[PDB]
Amino acid sequence: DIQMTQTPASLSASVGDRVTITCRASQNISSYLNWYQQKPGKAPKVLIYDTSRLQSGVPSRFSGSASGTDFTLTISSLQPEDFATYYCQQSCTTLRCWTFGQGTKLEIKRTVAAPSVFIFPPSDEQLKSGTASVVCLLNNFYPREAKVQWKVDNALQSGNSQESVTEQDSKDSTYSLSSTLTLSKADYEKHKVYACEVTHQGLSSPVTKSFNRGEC
Amino acid sequence: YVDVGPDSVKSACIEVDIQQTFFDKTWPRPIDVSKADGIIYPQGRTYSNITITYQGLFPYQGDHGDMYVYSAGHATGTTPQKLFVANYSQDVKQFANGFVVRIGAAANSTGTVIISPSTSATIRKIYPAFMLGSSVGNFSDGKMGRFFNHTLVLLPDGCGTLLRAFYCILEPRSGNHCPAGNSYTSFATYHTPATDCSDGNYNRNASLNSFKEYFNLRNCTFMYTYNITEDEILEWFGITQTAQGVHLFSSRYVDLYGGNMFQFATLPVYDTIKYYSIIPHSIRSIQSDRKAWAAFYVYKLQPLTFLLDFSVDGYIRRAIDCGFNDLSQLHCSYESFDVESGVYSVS
Amino acid sequence: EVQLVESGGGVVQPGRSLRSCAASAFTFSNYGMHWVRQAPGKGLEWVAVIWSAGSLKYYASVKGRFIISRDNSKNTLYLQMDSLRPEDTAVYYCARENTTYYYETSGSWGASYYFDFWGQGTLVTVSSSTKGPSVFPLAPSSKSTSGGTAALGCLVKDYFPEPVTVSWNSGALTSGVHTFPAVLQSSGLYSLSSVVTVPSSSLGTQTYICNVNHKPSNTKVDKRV
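Sequence lines, in order, name chains F, B and G. Numbering-wise (the deposited numbering), the first sequence opens with residue 4 and increments by one. Numbering-wise (the deposited numbering), the second sequence opens with residue 18 and increments by one. Per the deposited numbering, the third sequence runs over residues 1 to 19, 21 to 61, 63 to 227.
The set of hints was computed from the structure by calculation and includes no laboratory data. The reader is advised that the hints may include incorrect statements.
[Claimed, not checked] What follows is a set of in silico ranges between Cβ atoms, one per label pair, in the way DEER data are often shown:
1. B/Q107 / G/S85: 41 to 49 Å
2. F/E84 / G/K43: 19 to 27 Å
3. G/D73 / F/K112: 49 to 57 Å
4. G/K76 / B/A113: 38 to 46 Å
5. G/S188 / F/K112: 35 to 43 Å
6. B/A113 / G/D118: 47 to 55 Å
7. G/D73 / F/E148: 44 to 52 Å
[As the list claims (entries may be wrong)] Taking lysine to any residue pairs in the SDA-like style, the calculated list, with each CA pair at most 25 Å apart, reads:
8. G/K43 / F/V168
9. F/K131 / G/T209
10. F/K188 / G/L186
11. F/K108 / G/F182
12. G/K58 / B/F156
13. B/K160 / G/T101
14. F/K45 / G/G10
Each residue gets a CB set at the ideal place from its N, CA and C atoms; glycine is no exception.
With the hints as constraints, model all of the structure from the sequences given.
Shown next as C-alpha cells:
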C-alpha cells in the first residue's frame, strides 16, 4: 500500500501570514493528487485535482505544487475563518484503496496569554450517587494545549483525572480546560484533601492550589 | 497471437457528445444498376464484350441504403472542446450476404458542415470504420452495440494514408467515459489533423490508440495493414463472409474511376459474422480547421441474377437487375440490354 | 438539483447487520456512488466505491465487510455493515464522484464533475452498559473569593443515546458559555460539562438554575444551587 505522513500534525500561524503545509507520500503513484479542506459541519472540498490546475470553485489563495514525493500547499493572507484541517489524498486508478490525509489543524501564532484557575468541587447529590468528581478549570490561555496535574494529599493519581478542552474561537485564542477526578465513596472519604496543579507555557512558575472537605 | 503495441496509459476515455438528430439529413442516393453501382466483378475470370447474365450477391436496384456521416467535434476558435458523434454505436445491423459502401460520393462539392449549420466548407472524402462480430452483447450500462470476443475491427489511419484491419477480443477500460467506467459514452475514434495529418508527423497507430482507450485488444488473432491512396474520386468497399474466409473488395485498387469492385485482400476468418456496427468518427479540430466530410452509404447484398455488359476493357459499365421490375424481367428473359417493345410474361 | 440523504444509521450491538444512502432529483443511473467514512482521530477515507452499472464493487481497511447494492429505479444505494466494532463505528457520507476531463494536445480542461450535494452523513454508534442520564450541578467552594468573575458549571453523566442538550435558565444567560466534547469512558458512557462565567457579586445573591432536556428521556431536568 502507500504510507503517507503529513510533516506537521498541527500548525500555528498568525493572521495575514504566508505558510507552507507539506504532506509526504511513500511514493507519488500518480500525477493527480486530491487535496481536501475540511471544516466541521461542512462537506469535504477538493482544493486541487492534479496539482497542476486549480479545482473549480476553489480560491487562488490555496495553491498546490508537488516536488518529489512530498506535496506542498501554499496559502497567503491567512484568516481565522480560512484556517481548517488539511487532508491530502493520492488518487490512482489501478489501486482500489484511497490515501487518507492525517489532518493539520491551523491556529493563530502570537503573544502568549496568562490563564485563570477555578475549582468546581462535586455537589452532595453526586457524592450520594457514589462518584466524586473535582473539576479544575483553566481559562483564557492563548495555547490551545494546557498542562494540568491532579493529586490527592500531594500524591499523583493516574487515570483518575480526565482532561476535556472546550472549543476555542481562533481569533479569540481563549480556551477552557476541565480536569475531572473519578473516585468511589470509600476513595472520597480516604482523600481528605483534593489538590489541582496548573502549569502554563506563559507562566514561568508552576502553581498549585488545594482545598479540603467541607468549606461551605 | 499478434501484438498491437503498448496499451493506452490515459486515465479516462474522452467524453463523447451524441447528437443523432443533428447528424440526420435528407441525402437519398439509390443504387443505380445502369451505372453498375456497388456490383463486384466476377472473381473467376475476365469476360467477353457480348453481354452475359451472371448470378452473385448484389444490392437491390433503387435501394437508398443506410447513410452514416462523420462530423468535426464542437470547437471554440482557440481549441476543440468536445467530440461530436451520432448514435451509430447503439445501432446494430444484421450481416448476412455482406454489404457494399459508397465512399467520396459527396466529395468535390461544397455543403454546410454538420457541427455548425451556419458554417459552410468544401466537402472532402472520408473513410468509414466498421466493426464486425460473430455475436453481440448488451453494454454494462445496458446500451446496445457491445461486441463479443474475436470481433474484427477495421479503422483507416493517417487521414486515409493506410487501412488497418485486425480481429481481436475487446476489453473495456475502467476509466470514466469508457464502457466499464462511470458515465460511459460510446466507442469512438478521434484524430487531430495538425498532430497526424501534417506531412512527416503521421502516426501509424494514432487511430488504433484512440480505439484502444475505449477497448483494449486481447489475444488478437492477427493484425494486417493495407496502404490505400487517399483520393476525392468515388470508391466502393465490399466486405463479405464465406467459409473459406472474409473477402475485402476495393474499387480504388483496380478501377477507382470505374467504381467496379475487385477483391484486393483475403482475411482468414472462418467464424461466421452475424452482426456489424458502424463506428462513429469525430475530428478534433478548431472551428476554422473543421471541414465538411463525405457521408458513407451502406447497401446490404442479396443473391440475384444481373445482366452484365462488358466493355472492350472488360470493366462492367452498366448492369440490369431482372428482379427489380417486369420491364427489367423482359430484358433478362431475352438476355439483351435493349429489346424491341412487345407483350411480356408477368407475375 | 442533486439530492443526497443517508438512512438506516443507528446504535447497534457488536457483530450486527445494519442496512445505506438515497438519491433524489438526480441522474443516478449514469453516476457512480462513492461512500466515504470519517471518524475522530483519523482522516477521511473512501470505505466503499461502486460503479454506475453496479456490476463491480470496490471496498477499501476491511476484508470486503461492507456489501453495496444500488437500485437505479429505486434511486437508492444500499450499504450493509457486519461485524461492527467501536473503533470501526463512524459517520458515513455518500457522494457521486466524476473525474475531470483533459485534452492532452491543446491542454484544454473540462471540469466534468458533480461533487455538489455531498452527503451530510449518518452516525452509527456501538455502545455497551447504556445508562439513564444523571446530570449533577457543580458548586465552587469559594465562588465569591475565586475572583472578580466566578465560573458556575453543570456536569451531565451517563446520558442515554449519545448527545444530550444542556441549557442555563433555558438559555437565558449565554455569557461565557463553554461546550466540552463528550469523552468516551471505559464503561462506554460519555461525559460532558457546560459552564458559564458570571460575576462573583451576582453569584449567591442571584441563583441560576440549569435546565437539561434529553429527547429519549423526555424529561426537563431542573437543577438549582
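A quick look at each hint next to the structure:
In this structure, B/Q107 and G/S85 meet the distance hint of 41 to 49 Å, their C-beta atoms being roughly 44 Å apart. Checked against the given bound of 19 to 27 Å, the beta carbons of F/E84 and G/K43, roughly 25 Å apart, stay inside it. The given range of 49 to 57 Å is respected by G/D73 and F/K112, whose C-beta atoms sit roughly 52 Å from each other. The given range of 38 to 46 Å is respected by G/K76 and B/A113, whose C-beta atoms sit roughly 42 Å from each other.
Range check, G/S188 to F/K112: about 37 Å between beta-carbon atoms, so the 35 to 43 Å window is met. Taken as a hint, the range 47 to 55 Å holds for the pair B/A113 and G/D118, whose Cβ atoms sit roughly 50 Å apart. For the hinted restraint 44 to 52 Å between G/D73 and F/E148, the CB-CB distance of approximately 49 Å keeps it satisfied. For the suggested pair G/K43 and F/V168, the alpha carbons sit about 19 Å apart, so the restraint of at most 25 Å is met.
This hinted pair checks out: F/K131 and G/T209 have alpha carbons roughly 23 Å apart, not beyond 25 Å. The suggested pairing of F/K188 with G/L186 holds, with an alpha-carbon distance near 22 Å, which does not exceed 25 Å. Between F/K108 and G/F182 the CA atoms are separated by roughly 18 Å; this keeps the pair inside 25 Å, and the hint holds. Taken as a hint, the G/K58 and B/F156 pair is honoured in the structure, with Cα atoms around 17 Å apart against an allowance of 25 Å.
Between B/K160 and G/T101 the alpha-carbon distance is near 21 Å, which keeps this suggested pair within the 25 Å criterion. The hinted pair formed by F/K45 and G/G10 meets the criterion: a straight-line CA distance of about 22 Å does not exceed 25 Å.
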